[PDB]
Amino acid sequence: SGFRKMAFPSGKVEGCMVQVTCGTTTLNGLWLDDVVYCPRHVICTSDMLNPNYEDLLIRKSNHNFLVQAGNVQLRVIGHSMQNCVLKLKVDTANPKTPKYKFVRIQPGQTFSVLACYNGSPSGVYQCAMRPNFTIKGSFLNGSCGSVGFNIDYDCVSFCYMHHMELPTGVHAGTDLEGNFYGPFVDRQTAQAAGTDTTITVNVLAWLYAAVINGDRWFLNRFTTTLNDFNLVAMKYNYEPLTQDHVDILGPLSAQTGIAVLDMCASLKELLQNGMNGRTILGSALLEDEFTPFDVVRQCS
Amino acid sequence: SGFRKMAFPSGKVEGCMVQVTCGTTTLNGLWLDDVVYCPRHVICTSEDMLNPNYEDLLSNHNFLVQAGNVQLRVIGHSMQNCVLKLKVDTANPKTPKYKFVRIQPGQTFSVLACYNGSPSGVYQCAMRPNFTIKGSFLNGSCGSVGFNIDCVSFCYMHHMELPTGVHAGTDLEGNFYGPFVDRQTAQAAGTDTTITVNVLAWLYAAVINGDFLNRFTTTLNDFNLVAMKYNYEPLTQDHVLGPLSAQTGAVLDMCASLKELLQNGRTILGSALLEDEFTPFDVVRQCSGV
Ligand SMILES: O=c1[nH]cc(-c2cc(-c3cc(Cl)cc(OCc4cccc(F)c4)c3)c(=O)n(-c3cccnc3)c2)c(=O)[nH]1
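Heads up: the protein sequence lines correspond to chains A and B, in order. Numbered by the entry's author numbering, the letters in the first sequence go through residues 1 to 46, 48 to 301 in order. Numbered by the entry's author numbering, the letters in the second sequence go through residues 1 to 58, 62 to 153, 156 to 216, 219 to 247, 250 to 258, 260 to 275, 279 to 303 in order.
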């Protein structure tokens, strides 16, 4: 029993976090082999409104960049820009380097965040990419260059680098290839984010997790087509559910014997009725930061 | 900005996890220097687990210790309270600076759940006032540890799941938290209560995050009255936590607000019910970047 928003063991990322300085500007970098990855606005100053990143990089030498892995000063022997990520060639290969990959993730995916300051981790926590491509993280100034990731066996899938906090208090960033998620740019101009919606297929996976752990108070005797569920779920700002979603919910239907569409009916009623004083897996709201894969890993 | 339930980095602790096998019983152990700590109920058979006599049940060779794909040679075994100690040939080189502490209820900590010696994930808990923790554990997770980092301060080692889905365990000296024993029998938690000082500290984390306050200051005596009705631990003068109101300016006003929230009853920092698993030291710790 039990159900908590658990992150992966951060150990394999902790061994990669270094500190990157360029003039007056200090933030975190990720050290994999002989390359350190960090946000490119490390070269900016307060260049915030309309930075010309190529112009600013041209005026840098290798030794403009202080790389610092704990007590050691790494030596920068090369650098280039790939989209919004900076890539620094150091002369020593990180021996703590894990087996890893870079992966772009679609909204709804979950990942762990290791929030660092100065190359020092401060905490870990679990996060979902919102449909509007943002993340409701816990980030202070100094946070940039922190990373999101999944562990799969002993291979680390890196999927997020943190670049900025938006005026609303939510956070934006890039894959490790330097391409932003969502329609954002690393510059201090007005850039609004699309409306946020509940991640429907995660709420459904959560309902199954509640049933796996012994609770069925929310079910009912109704079912629904997939279209009538979407017509209702949208009015609560719920993402559409697709046939794809319904398929990956397959294995959870099997373990419970409750058919996905039947469980959509349950969700339908919960949006209509509320909790009525009750809780589900400890919460009094419907919870959308767990994917079907997370539910399968933690519950069984 | 933002507030999440955050766990300490776990790498220092991942390096100390190992598997311990006795009979068909497998579970997790804690490898520090040349000692491996785990639960004494790893010597029991299921038939033994009904009414165990540990002293009598307790040779070396019958202890398979597995660090990764390395076998630790067991050269000595002994018991301290409800914990088993296994001396091994070789000290763990990844031994961090550490120490065994014992935490009070209302204190929070991190759990690195494990299976067959392999860290599966980490999360932030609180020691419930009824001395249980609401963690997330399957069979095979016995021996996972709770801890804080400051130096790793191990405070918890997981032993059993109670019938209600909650979990009970010991400190690393083998003393149980709460009124429980390590044998399969009839045991259930005492009625539980909400950690009042932590709800206030969480209401503070929201306020300094842009989130319900109340102009109608109450007094300490008047509040506990409200609190006892609603199953809240009484608020002491120690719980008065100065550094959080001095950083956002009112203490009995926050009590005034909580006192009102309980009666009337939207959401705060994205929870619909009042959260009591953040300590005031957590709140500063998170909103400070240490
Ligand atoms: O030496 C350092 N220097 C800079 C930072 C830094 C920089 C940013 C940042 C970066 C860019 Cl490219 C643009 C930016 O405008 C955001 C904005 C503001 C107003 C309207 C708007 F549309 C967008 C901020 C930033 O967000 N953060 C930050 C703060 C809190 C939480 N996480 C990230 C930190 C740092 O840590 N170290």
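Derived from the structure by calculation, the hints contain no laboratory data. Take the hints with a grain of salt, since some may be wrong.
[Unchecked claim] Cut-off 25 Å, straight-line C-alpha distance, at most; resulting in silico cross-link-like pairs (SDA-like, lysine to any residue):
hint: 1; chain 1: A; residue 1: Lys102; chain 2: A; residue 2: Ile213
hint: 2; chain 1: B; residue 1: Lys12; chain 2: A; residue 2: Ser121
hint: 3; chain 1: A; residue 1: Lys90; chain 2: A; residue 2: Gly109
hint: 4; chain 1: B; residue 1: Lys88; chain 2: B; residue 2: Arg188
hint: 5; chain 1: A; residue 1: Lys137; chain 2: B; residue 2: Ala285
hint: 6; chain 1: A; residue 1: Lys137; chain 2: B; residue 2: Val303
hint: 7; chain 1: B; residue 1: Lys137; chain 2: A; residue 2: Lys61
hint: 8; chain 1: B; residue 1: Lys236; chain 2: A; residue 2: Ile213
hint: 9; chain 1: B; residue 1: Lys97; chain 2: A; residue 2: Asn151
[To be verified] If we take Cβ atoms under 10 Å as the criterion, some of the chain B residues that face chain A in the derived model are:
hint: 10; residue: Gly143
hint: 11; residue: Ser284
hint: 12; residue: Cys300
Built from N, CA and C at the ideal position, the CB exists for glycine as well.
Each hint, compared with the structure:
With a C-alpha separation of about 32 Å, the suggested pair A/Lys102 and A/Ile213 falls outside the 25 Å cut-off, and the hint is violated. Among the hinted pairs, B/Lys12 with A/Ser121 is consistent with the structure: their alpha-carbon atoms are about 13 Å apart, no more than 25 Å. With a CA separation close to 34 Å, the supplied pair A/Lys90 and A/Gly109 exceeds the 25 Å bound. Between B/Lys88 and B/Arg188, the direct Cα distance comes to roughly 19 Å. Compliance with the 25 Å bound is thereby established for this hinted pair.
For the suggested pair A/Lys137 and B/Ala285, the alpha carbons sit about 17 Å apart, so the restraint of at most 25 Å is met. Straight-line distance between C-alpha atoms of A/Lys137 and B/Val303 comes to about 20 Å, which keeps the hinted pair within the 25 Å bound. Of the supplied pair hints, the one linking B/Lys137 and A/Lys61 is violated, its CA atoms being roughly 53 Å apart against a limit of 25 Å. Note on B/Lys236 and A/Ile213: the hinted pairing is violated, with a Cα-Cα distance of about 33 Å set against a maximum of 25 Å.
A hinted pair counts as satisfied when its Cα atoms are at most 25 Å apart, and B/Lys97 with A/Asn151 qualifies at roughly 24 Å. Look at B/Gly143: its Cβ only gets to about 12 Å from chain A, farther than 10 Å, so that hint breaks. Interface restraint check: B/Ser284 against chain A, minimum CB-CB distance 7 Å, threshold 10 Å, status holds. Against a cut-off of 10 Å between C-beta atoms, the interface hint on B/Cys300 holds, since the closest Cβ of chain A lies about 7 Å away.
Hint violations for this structure: numbers 1, 3, 7, 8, 10, all remaining hints satisfied.
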